[PDB]
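A single chain, nothing else alongside it, follows as structure tokens in the form deposited in one PDB entry.
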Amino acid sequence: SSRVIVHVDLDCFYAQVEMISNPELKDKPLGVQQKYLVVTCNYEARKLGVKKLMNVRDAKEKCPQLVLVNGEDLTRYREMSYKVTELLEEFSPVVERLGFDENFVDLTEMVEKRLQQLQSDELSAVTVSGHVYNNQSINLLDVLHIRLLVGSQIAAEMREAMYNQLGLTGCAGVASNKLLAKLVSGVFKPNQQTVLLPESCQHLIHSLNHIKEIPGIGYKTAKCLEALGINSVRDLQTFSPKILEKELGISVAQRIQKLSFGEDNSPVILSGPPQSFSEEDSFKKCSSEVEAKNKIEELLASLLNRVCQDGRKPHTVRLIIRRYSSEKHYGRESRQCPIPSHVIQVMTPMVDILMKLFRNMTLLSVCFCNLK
């Protein structure tokens, strides 16, 4: 039944990687730019009002002294992101990734094995490592407190190792499920860790200011919950299970309502190798509709290099697009087809499929999937 889960969430991930590559960017406010977006910035920059995902413009008139490096090519972020995951897999094999810089790890077996190693005595010497959310008092006779503390120690070891082995700093959150571990990992933001004891669960959940902040409720469900009067986490908690049930479906409803309480049973799943490999190119206005094929070969050349290296081969290929007038707020199109078996065991053939796949049809991408 009761779990100890850690969420590890690195500091300003892309910026960190670029500050390690070029030390002269440390102590300078640094943004990482992709097109006209400053996708992230180091903490010197955020002191100056730069926020995650500003446009460049907004960001250099909040802070004109900002250095920008291009981060369009994710290769090095991707590589560091797998080094991180593989280090954490060493502590416990079941690591779930979320984007390039978050991992969840179910520490439940590891905590219990450390607890049985202690003799009935040093158990009163168990302390916490890091902060305790809401400054809550620990009760060393509460078996759950104890386990969560041991879980804070495992966390501190994982962060130390990330630092010593890969040069990376990060936050960690320790709690009894993934939702709470992830909410509590951000309470002390820069390169620290927090542990949630069960008595403070409602305080954390109610510290949120809109239901969008609950992992699991996105841009669309939020706009829905509103249209009904449901604005705070408490409105969602107290709202009618029925009317909700019959509006968002039985699945989305009964789940998001659980979450509004801090309750989340989802297991930490082994992410292992990726299920897809894609790259992309943005260029607003530039795809005449054929001129831009030389674009399709570029995407291919990288992708083949990557897909290769893994071992596994993809058995499906896909092509994706969008097109331009006023804000069509969601609108990409794709054509999918198997990859013929003779080609699986090079470029030149891969480029055709992708053109014809372009004919059954701002910006362009290729995706390899269905790996084996």
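Superpose the two forms; the largest set of C-alphas matching within 1.5 Å is the rigid core. Numbering follows the first chain given and starts at 1. Compared with the form deposited in another entry:
Once the core is superposed between the two forms, every option in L98, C286, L115, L208 stays below 2 Å in C-alpha shift except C286. Once both forms are fitted on their rigid core, the CA atom of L53 lies 2 Å or more apart between the two forms. After superposing the rigid core, the C-alpha of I20 moves by less than 2 Å between the two forms.
Relative to the superposed core, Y43 undergoes a C-alpha shift smaller than 2 Å between the two forms.
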Given for the second form:
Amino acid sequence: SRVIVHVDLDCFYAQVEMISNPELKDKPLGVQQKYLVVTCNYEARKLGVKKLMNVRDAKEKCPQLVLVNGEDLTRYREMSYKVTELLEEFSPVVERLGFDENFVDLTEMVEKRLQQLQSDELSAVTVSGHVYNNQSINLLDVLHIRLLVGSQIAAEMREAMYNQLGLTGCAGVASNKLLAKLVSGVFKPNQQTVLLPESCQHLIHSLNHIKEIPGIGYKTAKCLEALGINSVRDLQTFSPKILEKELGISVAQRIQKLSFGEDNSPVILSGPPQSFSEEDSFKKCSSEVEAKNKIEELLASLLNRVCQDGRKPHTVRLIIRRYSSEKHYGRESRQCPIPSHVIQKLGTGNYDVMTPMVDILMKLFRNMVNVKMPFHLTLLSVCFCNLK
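Other form of same protein, the form deposited in another entry, not the form deposited in one PDB entry:
Just the single chain follows, nothing else.
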């Protein structure tokens, strides 16, 4: 009964770099972080198997591949909220997912539009964009009409996004978040797709691995595998009772519903930010005692954000992880309710505030006792988080 739209922008970071420097346009571009080509424009994703997640390693394919550093997220973040606000203008309930994805619940909006339609030209409702599996529309099917109207809102949102902000992107319209997200990616470049109910199974079985299902990460994908479960149908037909008594009645019942294209999670209002953090890294270069000056830097930038945006962090930490072969995690981080007075004027010219963050950041850091001394580490972050 719900009409949800999932908006996913094209190579977001690359798009923000091109809009700020046309001389980069129509030129195989990739945005680089430390030693990572986080993403690149389409005129490169084909120009050398240059996809996301690769590094200078992928520069191999036509090294004429331009590069721009994308470590500072400031500009991406700002454009990201502009997209979200623009979307919130069409309808208030908008959920963010990373900096370039937005879920929008259009149910109420779609309905108001249909009501305003006389019982005469409601037979002229057409679709905007693609119909997922070239599925035939049935004008007398109330659910088809609502999703078509939904495709119309999507096209208006993408038009607005392009005309007002200069950004292109994809959109997917379906009856729930899972489906909307899966279908928004069927026609990748700058297009949109709507999913009619009769094609839900076709979309779900088009996936090659249960890992491709939104809501099934690296971990659970591993558990299921140990049970032989590899394909979407494997999960659809697996024994409920056993999966339940294997991952928990809560998770078991949820992930299995997803294998069928069922997902009742509501689109959540992703009102202002809940935490700010600035992490600066040195790729595994920490000696354990000579990192401290960096803390004075990365946390240095945060203040500028907090001061810019109101409200203050009544919390802090630093997050660290020791990585090796396989998986990542960490037992690094120290939090404390910062000083009342400091928290109330974190923009009145004081920088002595850093010393008190440094004492709790690292000298009051590590573990119980004094004994052995092994170092190793990989990049670390600090959170300015709970925010009230």
